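Shown next as structure tokens: one chain only, the form deposited in one PDB entry.
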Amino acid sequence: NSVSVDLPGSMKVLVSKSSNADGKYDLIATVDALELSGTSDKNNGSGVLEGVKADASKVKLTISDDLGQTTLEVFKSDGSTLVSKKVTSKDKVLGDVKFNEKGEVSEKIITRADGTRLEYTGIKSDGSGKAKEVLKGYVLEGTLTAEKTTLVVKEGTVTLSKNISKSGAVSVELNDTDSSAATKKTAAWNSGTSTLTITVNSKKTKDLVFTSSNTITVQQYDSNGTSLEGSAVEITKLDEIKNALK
């Protein structure tokens, strides 16, 4: 009979134990009560399965040859224009995409392997939109363009801008409208260490590290302004980021 194969994206497919006369394997899957079926020229669970929703929407599940990626698509009833696409890649990152009534990308939610998210909404034909980053304990809000995602935190006269380029590189900057030389914050970004160093009155006050684990840490400098003291503290709420900008 059949063998179960575990799939990325919380799905299972049943593959026939032997091939048919064309050398092909039968595939069966049930995705949220919808039965999908297909035929594959591989034996491991990869290939294409199809079904039809009760509202006549077409559904297709594509499993990459190495079982590393799954793509679950919903189309309009003639199967020609996309409604939604959910892609789990081999790093277990999830891409959740909605399309407008003409099947152009309208909304995209990226769920990282650690569960943090980038939520892109109201996406227009120039790739611009609204953006939100959902971190552990807090949320950052901003905009999207074809060039970058910019998430903004404001505290007093200080604006902190976290940039995620179209390819995923992070840069951070700080602007302060304060004109007093004694209290105005300025800042320098070190991309190599993903660290923003804040300075007040020609002395370093703190390092903000934007880590590869999608967290922010804050570490203070000593009263001189030249060396770090203590240890970095992980931000766990938006208030703590704001406090670092005071």
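Think of the rigid core as the biggest set of C-alphas that the two forms share within 1.5 Å after superposition. Positions refer to the first chain, counted from 1. Compared with the form deposited in another entry:
Remark: with the core as the superposition reference, the CA shift of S10 between these two forms reaches 2 Å or more.
For comparison with the form deposited in one PDB entry, produce the structure of the form deposited in another entry.
No partner chains or extra molecules come along with it, only the chain itself.
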């Protein structure tokens, strides 16, 4: 009579085995406690379903066949003022948006495939806000502007900035207010190798690699910067990152 299709999270959409006389399928989905009903032109789990909460909130679940993306929208009773929006990509990246009482965006958390998070709070009408990145073993603090996310690690006169553009590209910069030409750090970034090379008085001192695993590794150069030494050490603690900036 019907068959189940599993979706990101608990969500399981039950689709009818065959279409109705107008060529459309019946969909029933369970999302936590809510029962949603809707339709689709296919029986692969795509479609649009709607329901109502116990407090009269309106809910809409959209499963798109072009992106594999699922969008869960919770509205006020008018079915138009947003209360929350949950989007899960094919890549299992989760974006969870909260809205103020006027239905405008005020917070967004992105949860990555591996479980690390970008957290945007105090979002303002201009797209700025506060930003935090939650990694394995430590948390980075920074700011959001419409242009980019900037997470900062400070150590004395040195500021390490990790920038994330709207599209998700990463650039890393180092800024040192040290006035001594013998100790001031500068740095060069390569996005293809995801490596920041730190230089002190014309000598390369370390490479910081920002890995696909959302980790940071550090590897030392020799005393006159003429070759890498040893092997890269994966950073597990914020104290280790700051130490590399000394």
